[PDB]
Amino acid sequence: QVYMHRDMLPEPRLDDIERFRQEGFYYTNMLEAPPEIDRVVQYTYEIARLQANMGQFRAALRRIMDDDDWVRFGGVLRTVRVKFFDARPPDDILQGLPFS
Amino acid sequence: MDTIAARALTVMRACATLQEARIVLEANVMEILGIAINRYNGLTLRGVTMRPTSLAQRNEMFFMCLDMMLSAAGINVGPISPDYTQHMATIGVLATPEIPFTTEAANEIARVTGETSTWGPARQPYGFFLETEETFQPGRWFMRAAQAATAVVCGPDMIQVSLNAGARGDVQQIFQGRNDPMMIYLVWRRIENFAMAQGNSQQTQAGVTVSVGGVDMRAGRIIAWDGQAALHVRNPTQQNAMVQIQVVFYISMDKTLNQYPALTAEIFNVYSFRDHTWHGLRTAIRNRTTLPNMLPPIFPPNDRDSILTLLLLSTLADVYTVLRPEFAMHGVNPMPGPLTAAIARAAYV
Amino acid sequence: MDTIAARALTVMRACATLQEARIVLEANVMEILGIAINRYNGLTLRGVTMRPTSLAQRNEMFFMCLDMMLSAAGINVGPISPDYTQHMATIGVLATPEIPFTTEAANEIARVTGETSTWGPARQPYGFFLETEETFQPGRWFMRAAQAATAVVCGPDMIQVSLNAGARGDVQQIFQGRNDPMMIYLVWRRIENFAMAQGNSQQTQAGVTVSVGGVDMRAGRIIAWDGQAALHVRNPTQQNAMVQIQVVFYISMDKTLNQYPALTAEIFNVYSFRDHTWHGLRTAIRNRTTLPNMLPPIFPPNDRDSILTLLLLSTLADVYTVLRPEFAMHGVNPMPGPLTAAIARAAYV
Amino acid sequence: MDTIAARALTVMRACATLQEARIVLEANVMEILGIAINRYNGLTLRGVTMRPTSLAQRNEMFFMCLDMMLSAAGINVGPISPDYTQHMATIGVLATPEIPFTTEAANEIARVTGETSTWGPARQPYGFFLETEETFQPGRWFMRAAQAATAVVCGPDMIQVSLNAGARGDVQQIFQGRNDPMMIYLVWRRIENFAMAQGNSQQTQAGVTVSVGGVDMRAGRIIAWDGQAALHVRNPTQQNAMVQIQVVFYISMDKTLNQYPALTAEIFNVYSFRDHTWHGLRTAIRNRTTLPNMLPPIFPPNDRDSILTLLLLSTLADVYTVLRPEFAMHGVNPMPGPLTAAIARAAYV
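Protein chains in written order, with the deposited numbering: chain B, 702 to 801; chain S, 1 to 349; chain J, 1 to 349; chain I, 1 to 349.
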């Protein structure tokens, strides 16, 4: 369950600071629940591989991102790590991608 | 030029291979799509993929085939969709010797261009005397004024001759003037029990003879008649006689549906419905051609362009099947749910 | 799912390449076989070789193609031989993406599924009025009580209307109610000489007019009739008149033998004898299907499964030919004699 | 031996792909031609190039295909041209195992050899009662002396039985003796209005029955008759009755044009004109065969050799097209003027 979907960083309006006793507005890329299966472009090792070798992967990926659609990278497992931040984490994390 | 068509064919047939998701590509397919998609995306500037999986990628690829299909047929459909827009440079993508084509592709095109440019003998489809205004009751006697032997038509592939006792004569002229046959295959039988001018039953006695260009022919056997030889009938019998001559089939230099291998099946495939999208598309395409936009031409075509187009479209149809593209066209409003022959019937005007 | 079939097909078509033992294979082929046979033997545990020679090896391979063919068709034949036992896992083998499939095989399936799932206009096989109980003598007058114009059938594709002098009327309703045509092609003629109620000859004077939906149509010319328009006949002549209208051919959305290219020839190849071993096999297989176990269906199937099954079988037939397999079958007793058209005729129950 | 044919086929089909000078081909092809052309040149000693451009190069290549096509067919044409000469060595070339053949080629031959060696059920082309000498008027009463039920022919696929009030009888024998059908498909109707001995109109009443092998059958429905079962008609009506039984189609173990996929189209291609050179060539070639040198055989062949030859020629035909061979032939005199349907007609003897 690893997806990509262009998303904004939740910049809220601060009208009642004392009201930020709210959930301190944490963000997190871990999904509450997966997206609607119909709105997801499924990708395979092989599919990604080919598109990339041909030098079309980025393009396609971008298009999907622009269309506000989702893309899942199935087949492979990936070790998953959990980190917490106090502020604006490293770009290599925010805009980090699931491949080299 | 044929080369172009062959390429375009190959490419579509290649995309057809992209059935499901998890699959391994055939060597050739790659060399082809690889090179092709490149030149295409090169002059088209469209984002076609080698292995689509989205829908937009699938559409993109479809549009590519569509562009090539049209280009091969030299068809400029014009403004038919808000989603698709025919790219003209596609023609250039195909004229490049750089895109390879299959053996099959070339042999198929060589076949088309081959026969489509010359003629040949072909078993015609319908009865010889189909384009006749007048017909007579079969078995009923009829002797035209001043004649001892009166031959006339009694069906689409049937003629009957009325002979007076001891009468004889040439019949050929009834056949001549119609079509332009090369060989007419006959078979004559004695009408053993026919109706007379009054309605009374009459027998035709054995011994009556039919001879072609001189030679006497048996009854009930097939005859290779050249249409020019003397079609002579004699009645040595001392009674009235009536004989039927049947055109089992004939051959001419007019194109039939057997001009190109299973052309029929293709045409069926092209004219087949599938869905509103496909339908209206296929229709809108043929409206640039001499072919009936949605109904199997009564008469089999005879020009390269026609045959070609059908073939291309037929393949593009299969491509459409595997790619499951989804887009709009001007004037096409699609209903979701199931299909049913019912809704399909209603589609054809 | 089609993919599985495409693969299954490819494999057999590939095994079909093994004619002699000396020959060098097309690199491409060897590739396919090796992979297939591996993954097959891997889940089946049989000893198939890429290059068979013994017989038992050949049988083994044939059994493989058989297994696949059946798996691809979704057929469980059951205990039909002591030598062959159908291995179910064969389905999973075909599901393995690592196994390739030719472009030809791909397009073939895509065509099958393509048309099978939708409909399309097709030239129907038999005469329009074939399923009629009552027919009338051709050329003989007939006027029903209280009517001035009376139409009636006289053949499988024939009708004739009896008109009183000065009479007129709509005829279409004679066609309607039967089948579900989309376009009926006509050609009407004047019955110049016809029998009267008593038996005396009568003439139809020139002047009669057959119009469709209001427009006047010529005699002896083909007519595109939708089956819904007004089929009106008029007799402005001062004598009785009889006209014969002919349904040369019609088109409906019913599947014909041209739904898929040379389907016919295939069917023949399937239904062909070869030998008792083949025969009984081919039979025992179709027993699991809606298809006639040994005699060509009168009516062309219309479901994927049928068509598919046939194609696979037809191919599996050719495989049989090249491999020359030899094995037993429950209820089958082979006659070693050289085999003649006679011994074959007998085999068909 | 089939292998030899498959090879020759492959090679030609490959040469057919050489539509232009600088075009890029399919991988396999290149390696094949390379192998073939080499081994060919080896025993031939003619200078065939993998990429002909001149004409002489093109002729040489065509000659090669011709040499092969002939060798594969087992034909020896002899001195038919001052430009071409047949190298009997060509067969040794095709016998070389190092030369591969496509999966297609292999299957194409396996099909021919397969069916050509055995028999099978097939929808026959012409009406059942076509080979009859005598025919009776349709709808006219006829009762042979001393008989109560008189079955008689009236068309190529039509019979009509005249029954007396309360009369019954078996009719099967009118069919038997002719051909060797396996299954005859009938459909009987009641002749509602017919002509009597004198000419008066007689009605057939509702109630007449027709039972096969005992079971009663409906009118207007198709019937699978084995030809051996009892075809019994009964007239429990108190009047003279007349029924028409129709052989819509039948199946026998005779070879039809559907024995091998789109055989028809191929034949058309072989028999097509193109030009005098081709014409006379194909002609001269067939003179060594059991086939008509320039006009489609009335009857579909049934021996491997024949079918094979046709295919090889049909292919060699396409090859001729693509290569545009320009050379002389004994007895042929080329008319350079543009060529029309007219000039073509003239060439056919």
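Just to be clear, a hint being listed does not mean it is correct.
Here's a subset of chain I near chain S, in silico, CB distances under 8 Å, partners left out [claimed, not checked]:
#1 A14
#2 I23
#3 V77
#4 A195
#5 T264
#6 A265
#7 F268
#8 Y271
#9 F273
#10 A317
#11 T321
#12 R324
#13 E326
#14 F327
#15 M329
#16 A341
Note that these hints are calculated values from the structure, not bench results.
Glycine included, every Cβ here is placed at the ideal spot set by N, Cα and C.
Would the stated hint for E326 (chain I) survive a check requiring a Cβ distance to chain S of less than 8 Å? violated, 16 Å
Would the stated hint for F268 (chain I) survive a check requiring a Cβ distance to chain S of less than 8 Å? holds, 6 Å
Would the hint on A265 (chain I) stand, with a C-beta cut-off of 8 Å toward chain S? OK, holds: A265 (chain I) within 8 Å of chain S, min 4 Å.
Against chain S, is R324 (chain I) within 8 Å by beta-carbon distance? Violated. Min distance 11 Å.
Restraint outcome when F327 (chain I) is required to lie within 8 Å of chain S by C-beta distance: Violated, because the Cβ-Cβ distance from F327 (chain I) to chain S comes to roughly 18 Å (cut-off 8 Å).
Against chain S, run the beta carbon of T264 (chain I) and see if the smallest gap drops under 8 Å. This hint holds: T264 (chain I) lies near chain S, its Cβ roughly 4 Å from the closest one there, short of 8 Å.
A317 (chain I) as an interface hint toward chain S, with CB separation required under 8 Å: Status holds, d = 7 Å.
Given hint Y271 (chain I) near chain S, where the shortest CB pair must fall under 8 Å: Holds - the Cβ of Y271 (chain I) comes within 8 Å of chain S, reaching about 5 Å at its closest.
Close enough to count: is the Cβ of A195 (chain I) nearer than 8 Å to one in chain S? holds, 6 Å
Does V77 (chain I) hold up as a contact with chain S if the rule is Cβ-Cβ below 8 Å? violated, 22 Å
With a cut-off of 8 Å, does the beta carbon of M329 (chain I) approach a beta carbon of chain S closely enough for the hint to hold? Result: violated, 17 Å to nearest chain S Cβ.
Using Cβ atoms only, decide whether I23 (chain I) comes closer than 8 Å to chain S, and label the hint accordingly. holds, 5 Å
Checked against the numbered hints given earlier, the structure breaks hints 3, 12, 13, 14, 15 and satisfies all the rest.
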